[PDB]
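One chain is shown next in structure tokens, namely the form deposited in one PDB entry.
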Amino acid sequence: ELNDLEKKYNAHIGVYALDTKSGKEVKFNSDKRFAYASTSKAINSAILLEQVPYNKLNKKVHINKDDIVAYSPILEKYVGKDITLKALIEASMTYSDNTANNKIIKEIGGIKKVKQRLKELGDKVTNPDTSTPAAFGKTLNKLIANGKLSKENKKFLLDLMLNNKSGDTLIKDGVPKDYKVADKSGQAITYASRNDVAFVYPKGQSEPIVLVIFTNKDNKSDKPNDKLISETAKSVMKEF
């Protein structure tokens, strides 16, 4: 199980899983801080979807040269063009586009308005760099799984997660055939697979198990442990 997986891999593992149907929790270093990478992009996209209706997603934003930052694969092709908010959220959620994320936060009212929304949600732990498995899972439940998003803005966002290929070797490989997973992978720039979060849907249950899995090796940037994350998922899934 989980401390044997610390030994097995020589990694640290932080888990927080929450069945929202029953209130049941699985923890393990839940109150320890990890650097979570692009999984914050799922938060920033849902807070803008709280304020913009699905029909108003056809608003264009103008992209100019100074707006573009490194590791933007879609938005580097938009210097001096306009793009809808919808296509900014697909680029940030499918490609982890950095320019798309910056424009989505600009559009929320700057990072202070994101910080403040989290204080309102009751998360005094998450900051743009690090959070704990526990803080993050609760924020994800309150904002996406049991939040205030319209039927249509929440199907839009979950289908981007449901149809994402990035972490089919992480929580997705780890659960049984018949569970459906909607995940936001870490897809970190400078080091290999380390984080993954998901909404796991039991076959015959509409409510999700929220599952946060943050891991740390330290200093080995090209070794992914896709299998430390799918093993940790398997063992967690027993509890439900």
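Residue numbers count along the first chain shown, from 1. Here the rigid core means the biggest group of C-alpha atoms that line up within 1.5 Å when the two forms are laid on top of each other. Residues that one form lacks are left out of the comparison. First, how it differs from the form deposited in another entry.
Checking 61, 35, 188, 52 for C-alpha shifts of 2 Å or more between these two forms, after the rigid core is superposed, gives a single hit: 188. If you fit the rigid core between these two forms, you'll see the Cα of residue 10 move by less than 2 angstroms. In this overlay on the rigid core, residue 221 has a C-alpha that sits 2 Å or more away from its partner position between these two forms. Comparing the shared residues between these two forms on a common core, the stretches of 3 or more consecutive C-alphas each displaced by at least 2 Å are 187-193, 218-224, listed in sequence order.
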Second form
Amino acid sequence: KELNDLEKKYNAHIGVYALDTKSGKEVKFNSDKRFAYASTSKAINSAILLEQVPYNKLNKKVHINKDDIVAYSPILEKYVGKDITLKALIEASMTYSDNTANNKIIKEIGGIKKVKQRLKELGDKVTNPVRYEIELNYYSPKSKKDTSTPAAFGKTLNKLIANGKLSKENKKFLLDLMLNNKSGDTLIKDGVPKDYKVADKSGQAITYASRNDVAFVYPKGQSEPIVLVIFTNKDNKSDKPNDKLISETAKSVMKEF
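Condition change, the form deposited in one PDB entry to the form deposited in another entry:
Just the single chain follows, nothing else.
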């Protein structure tokens, strides 16, 4: 199905970047247009931390206090005045989209500044982390804060995870969380053939029906993943998104591989 047609149909804006890491083939569609990445950035903060902490050291503990807590922290809110391992922080951020877990992960890396530094080293000059959760969700089409483009984001994911510096164990670990997340079943996972394995992290900003999914898709009989970034938004601040957009975009895109 044409991507223009899905835009028309859903009255939405679609940004896609897909890369078959076996061949290098790319599918692009508004791949240089900026979009709020929302929670799909949990995948990137989680990988950046895993580049600096070996799997056997994930049992290291960090103290959580009252000041750490931000809205929507299903797991971390039970940890006030307690310590958690780095392993459980990543589990909480990835499976439950715990916002306190993500912020603490950022602090462990060293703060946004350091996250930004790492993106520049990978050659990503586009992804622009500015705020922590939850303010990073207050997207404004007139501001570059906390946005990236489908292209810049997907290249970064490729470089961090599909072909980066993680150990095999840290890679399995992060990918298992993405494979088992149920929050992304109506998204890319809903659109690909049943043959395909899907490791994703979804996201949703507060404004402009900003609705996203990023994934490592493994087609039947292929061990190298296809990296797939799908960002979408609408013209109005109070618009509600339709997950089917993403299911339908994934389905179309998969047709080229």
